[PDB]
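If you want the building blocks of each chain, they are given just below.
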Amino acid sequence: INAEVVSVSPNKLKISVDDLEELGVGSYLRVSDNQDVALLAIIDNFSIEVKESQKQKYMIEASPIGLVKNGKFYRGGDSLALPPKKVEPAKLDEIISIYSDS
Amino acid sequence: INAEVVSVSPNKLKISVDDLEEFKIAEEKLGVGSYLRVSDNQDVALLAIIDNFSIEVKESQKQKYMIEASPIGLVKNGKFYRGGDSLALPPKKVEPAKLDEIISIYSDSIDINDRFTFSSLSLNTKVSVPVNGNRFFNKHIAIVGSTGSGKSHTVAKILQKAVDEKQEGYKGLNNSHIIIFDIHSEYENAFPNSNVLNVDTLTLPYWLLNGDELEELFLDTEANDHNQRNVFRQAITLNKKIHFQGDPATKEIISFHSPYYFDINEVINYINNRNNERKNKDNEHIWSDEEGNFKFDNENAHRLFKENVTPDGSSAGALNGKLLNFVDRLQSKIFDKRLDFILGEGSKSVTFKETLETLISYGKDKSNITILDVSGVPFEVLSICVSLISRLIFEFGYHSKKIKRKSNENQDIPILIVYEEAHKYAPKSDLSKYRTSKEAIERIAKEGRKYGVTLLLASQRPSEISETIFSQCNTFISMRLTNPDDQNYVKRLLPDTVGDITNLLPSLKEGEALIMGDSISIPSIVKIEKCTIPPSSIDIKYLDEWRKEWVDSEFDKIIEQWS
Amino acid sequence: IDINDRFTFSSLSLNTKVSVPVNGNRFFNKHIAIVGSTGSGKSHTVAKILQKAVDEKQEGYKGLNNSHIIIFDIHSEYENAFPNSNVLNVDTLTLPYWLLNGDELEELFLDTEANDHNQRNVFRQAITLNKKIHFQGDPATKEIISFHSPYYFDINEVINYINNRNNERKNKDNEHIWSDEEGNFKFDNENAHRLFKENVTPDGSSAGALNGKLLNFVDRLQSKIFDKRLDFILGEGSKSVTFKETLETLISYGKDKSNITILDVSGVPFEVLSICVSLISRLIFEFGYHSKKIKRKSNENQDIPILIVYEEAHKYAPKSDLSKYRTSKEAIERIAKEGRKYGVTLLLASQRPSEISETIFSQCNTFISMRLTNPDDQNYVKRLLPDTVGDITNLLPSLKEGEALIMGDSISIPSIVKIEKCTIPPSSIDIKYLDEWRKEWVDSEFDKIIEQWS
Amino acid sequence: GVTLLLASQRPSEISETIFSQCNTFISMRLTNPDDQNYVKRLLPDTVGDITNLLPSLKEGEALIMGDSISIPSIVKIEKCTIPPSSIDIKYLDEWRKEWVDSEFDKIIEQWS
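Residue numbers (the deposited numbering), protein chains in the order written: chain F, 7 to 28, 36 to 115; chain A, 7 to 569; chain B, 116 to 569; chain E, 458 to 569.
Hint data in this document are derived by calculation from the structure and do not stem from the laboratory. Cβ atoms here follow ideal geometry from the backbone N, Cα and C, with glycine treated the same way. Careful: at least some of the hints might be erroneous.
As the list claims (entries may be wrong) - Sample of chain E residues with no beta-carbon within 12 Å of chain F, all distances over it, derived:
hint	residue
1	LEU463
2	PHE476
3	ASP492
4	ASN494
5	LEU499
6	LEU500
7	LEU511
8	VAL557
9	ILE564
As the list claims (entries may be wrong) - Capping the alpha-carbon separation at 16 Å, the derived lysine to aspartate or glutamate pairs in EDC-like fashion look like this:
hint	chain 1	residue 1	chain 2	residue 2
10	A	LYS452	A	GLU401
11	A	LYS452	B	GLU221
12	B	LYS547	A	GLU171
13	A	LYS407	B	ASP562
14	F	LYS18	A	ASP91
15	B	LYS554	A	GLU386
16	A	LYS439	B	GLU228
17	E	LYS533	E	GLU560
18	A	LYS285	A	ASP303
19	B	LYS247	B	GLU258
20	B	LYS285	A	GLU290
21	A	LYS82	A	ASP49
22	F	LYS98	A	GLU27
23	A	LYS370	B	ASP558
24	A	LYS439	A	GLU222
25	A	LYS85	B	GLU516
26	A	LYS247	A	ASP342
27	A	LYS497	B	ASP550
28	A	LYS167	B	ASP550
29	A	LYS407	B	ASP491
30	B	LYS563	A	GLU401
31	A	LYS70	A	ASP24
32	A	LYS343	A	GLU386
33	B	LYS497	B	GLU473
34	B	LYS554	A	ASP120
35	B	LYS515	A	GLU415
36	A	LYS64	A	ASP24
37	A	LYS359	B	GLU560
Modelling step: build the complete structure from the supplied sequences, incorporating the hints.
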């Protein structure tokens, strides 16, 4: 598991990750290589879980802060906008469109 | 097969799926707030809204996504009944709710003539969400949202739809009557046919202010003695009797709080003439006038209002020089150019009928929406003029119900008073300076339901509104509210909510609402329709005016205006 | 439940065939608390219980039974529910002002924020003095009479006394000399009843120290006496009404006797609503309190059990300790904490139970709870419920319309019941705003309203 | 250059913000279950079955982890030639002695 959301609360997104090496409170969760559909989430807190049977995994509480479509940013959280998940080198300047487009 | 229930709580439903991507099937938007249809047999189904998504791993099989669902009600051949049913069982088939079943949530409970459609469901834009338009307006609306959420667009769209609501038997203005108190001059752009009244054109006569509003307009609560208050209401009440041209038995009815005509310039003379009073050896205030010589008695106190009064008496009076704090205070306010709309010469000359012809817009230029632009009104008198108009509209509606009760045929003039920035006038604090507009709005809220004068609270900070006024609203259209103190105020005050949609308040999209009340069939997350003519407030473009090269030609022109 | 003791107004939600009787004796004499949010049909189960209670009769006679229900509806809902009931709005109900005690007589007339303590001292000196002259018993009982005592006084004479005390002057002997048509005298406690006449001329070349301090007092009092909204409490009809005729009107024992008396308090001004609710609640409680005195002596009790229905019970008995609702809350609290044994019980009805005070909500024993979607109303009710069965009190936001959760001593066991469908529903005649707004611009109406105002 | 050293026998009472900043964690026998759950949750690094060895540690046998050490391990600290012994009032040694009576009068004079 690279990075995948495991719980979609109305105002929260719980994402379980194996390790921090595999940022901080208030950082923007941008791992996106999809055009015209993406999800933007800020980090509420970093939490560590107790499983007693597996390796410890970091759980991040993510508040959804917006949704971008072809470079246009709309505020408010939508749960629809993460069907894909793939590991490849992606761009970084799509966080510009959060503030620059409006 | 794909989706099945795995637990049936008293309040909740646990639904486990194996593939959410197949579960969408029709490519309907699926998320928190989406409707699930849980049934194995057609034409009878339980509709459940989604609280939260989850995952589970059996450690030896494929992972399964688990959905927390709140049963909102069961449908039965086009009839929707709220509340969870007994059909929710673990051997059941769950699927996204069909278009004919979601439409039946809202369309079945409201008659075809009673539907007031101004929005559509956020998760499903194909289904429109009507409200019971009779119950929507007659019980007060509370539109709540943070800045940048397009709350003013929601207020504008509801009033634009109410004005556009019409019967096909005529073409022209309908019977919609909306009064808007905008401090930001925002709704002028929204309604091009509206009647906008600012300080330049609004003429509010001062003599309909009651005792409470007359105190705060003229005197202060910190530096005036009780003697200065006493001489004020002596002059006001005595002035209201001579100008009363009606029945002399009704002359004794008149008190300080009565809304009858008085001349403030003649009141100025009384406090001036009592400022330079002189007493005699018998403590009798003899007065010398061009008309004649007289003492200060109740039966001849009306002739003291003339400015040609010379004081008489060998010694200075007891209250001689006592009113110089008072006369100079009120002489500043009558000739203050910022109070021309309320203390000017036009306030005396205008009549009672022309005031209500202006506030309700029943004069020459009849308009459905009357916009009271209170941006130019000074903030020290803002809560007084808001209280004056809110009292003038209520007692219009209170006296509206007395005419046609006798006649037995009621034409009726329903009035909706929109309070933009509603916590400015009706606050949580019980300060005396906001006291007049608080009980005037509270009279609309607690009593105006039955007299045809209701209110719309459009505020950016709902936590500052008083609970005795905010709870009297029944339908609540909450936009994106992210402040924890405004959420905790609203979440405590909302009368009816389905599971976990209330938590969606900080994460709402722009134009996306959260509407409840007696009007709507169920609390749903709706997307308000986009305004063709948006309520864009005209404001100074500071960055544009910064890069203006410093022409400084206008300053020499400004001082001539000041002089 | 014994067969003659059953009061069936509902059947089980999960099984329509089984009826759910309650011990109707124990259901009513211990106070009810019907609670349910908007759209849950809370007004229908209040309507159905009272419709079942009115029609609950014996087979030995045909006519009215001994049901005595008083409804406080600000929303004007129950007029259509009971067509045979007595409805009293402002225009018909005539509540005398002199039946108010000391606490209600201040907030009707005065404000604590602006009135100085010496100003208020003139008010209850005038009323207490006025309450003795108009009292027509022996002079020994006149010493008992105080400000808080409920006897007849004339508010116009109190108005004159307060206005005359604004004209108090002293002579060289420092006495408040008053010149009257009957005679010339100083202000004395023996001859202070002649100060009630308006034909009193002030005397003394030097005015009093407290002279002119009561204009903020009398002008506040001037407006309320001739206020057209307060005509029902401060009009000429409140002077002419008798003590018996007020109690005849409140429980419908006049010429038109009805089981249910409906107090349409919609037209009551919101500043005096907590005073008229407190006045009627105290009048009915003291009616039941003084009902038990004779019947003990008679040795066979005929009884008038009274159930006062407080629709929107959070407005009259709120959780907030504010002095505006202090009079109505204490009058409801006296009925809750004492009216069980005097035959004056209460039915609290509210869409927001969390605003009712817990000292009054807990005094109810049987709670009928409809849909409670508001989370603070759920947490309040689940805390105050005296009974439960496992995980049925978590069913509150998922209850249907007309489906209730009823517990207490009346019922055998807490259960989710389905209240019977109200054949005559409590419809409220409210202005259909859209149905008027789709009509064309009416312009002949606005001219007529202006002539009403003048 | 001002660095600290949080030495405490009740680690769970220390606030998390202060405690987590320290990154080298030398731990002796920790046997309070609330103390163990606090430390093992606040660990920067872990090896599967060596954090559970904390209540079974010997006398002077320590668990030291952090970026300074190469790998987490269960170590034995060298025995102190001069141990940090605190001089205290030996209650049972004094209570076994005879009733001291002259010393009560001397205390009150100092107090007065």
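Evaluation of the provided hints:
| no. | hint | result |
| --- | --- | --- |
| 1 | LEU463 | 20 Å, holds |
| 2 | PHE476 | 14 Å, holds |
| 3 | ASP492 | 15 Å, holds |
| 4 | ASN494 | 8 Å, violated |
| 5 | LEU499 | 9 Å, violated |
| 6 | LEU500 | 9 Å, violated |
| 7 | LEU511 | 15 Å, holds |
| 8 | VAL557 | 56 Å, holds |
| 9 | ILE564 | 55 Å, holds |
| 10 | A:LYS452 to A:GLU401 | 14 Å, holds |
| 11 | A:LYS452 to B:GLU221 | 22 Å, violated |
| 12 | B:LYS547 to A:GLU171 | 14 Å, holds |
| 13 | A:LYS407 to B:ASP562 | 14 Å, holds |
| 14 | F:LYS18 to A:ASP91 | 29 Å, violated |
| 15 | B:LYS554 to A:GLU386 | 40 Å, violated |
| 16 | A:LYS439 to B:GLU228 | 13 Å, holds |
| 17 | E:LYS533 to E:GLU560 | 47 Å, violated |
| 18 | A:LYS285 to A:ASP303 | 14 Å, holds |
| 19 | B:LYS247 to B:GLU258 | 8 Å, holds |
| 20 | B:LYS285 to A:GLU290 | 14 Å, holds |
| 21 | A:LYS82 to A:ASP49 | 6 Å, holds |
| 22 | F:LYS98 to A:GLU27 | 14 Å, holds |
| 23 | A:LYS370 to B:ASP558 | 11 Å, holds |
| 24 | A:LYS439 to A:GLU222 | 7 Å, holds |
| 25 | A:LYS85 to B:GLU516 | 13 Å, holds |
| 26 | A:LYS247 to A:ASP342 | 27 Å, violated |
| 27 | A:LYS497 to B:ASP550 | 32 Å, violated |
| 28 | A:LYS167 to B:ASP550 | 14 Å, holds |
| 29 | A:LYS407 to B:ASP491 | 37 Å, violated |
| 30 | B:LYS563 to A:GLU401 | 14 Å, holds |
| 31 | A:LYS70 to A:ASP24 | 5 Å, holds |
| 32 | A:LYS343 to A:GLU386 | 14 Å, holds |
| 33 | B:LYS497 to B:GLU473 | 12 Å, holds |
| 34 | B:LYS554 to A:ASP120 | 13 Å, holds |
| 35 | B:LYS515 to A:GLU415 | 38 Å, violated |
| 36 | A:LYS64 to A:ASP24 | 12 Å, holds |
| 37 | A:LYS359 to B:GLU560 | 13 Å, holds |
When the structure is compared with the earlier hints, violations turn up for hints 4, 5, 6, 11, 14, 15, 17, 26, 27, 29 and 35 and for no others.
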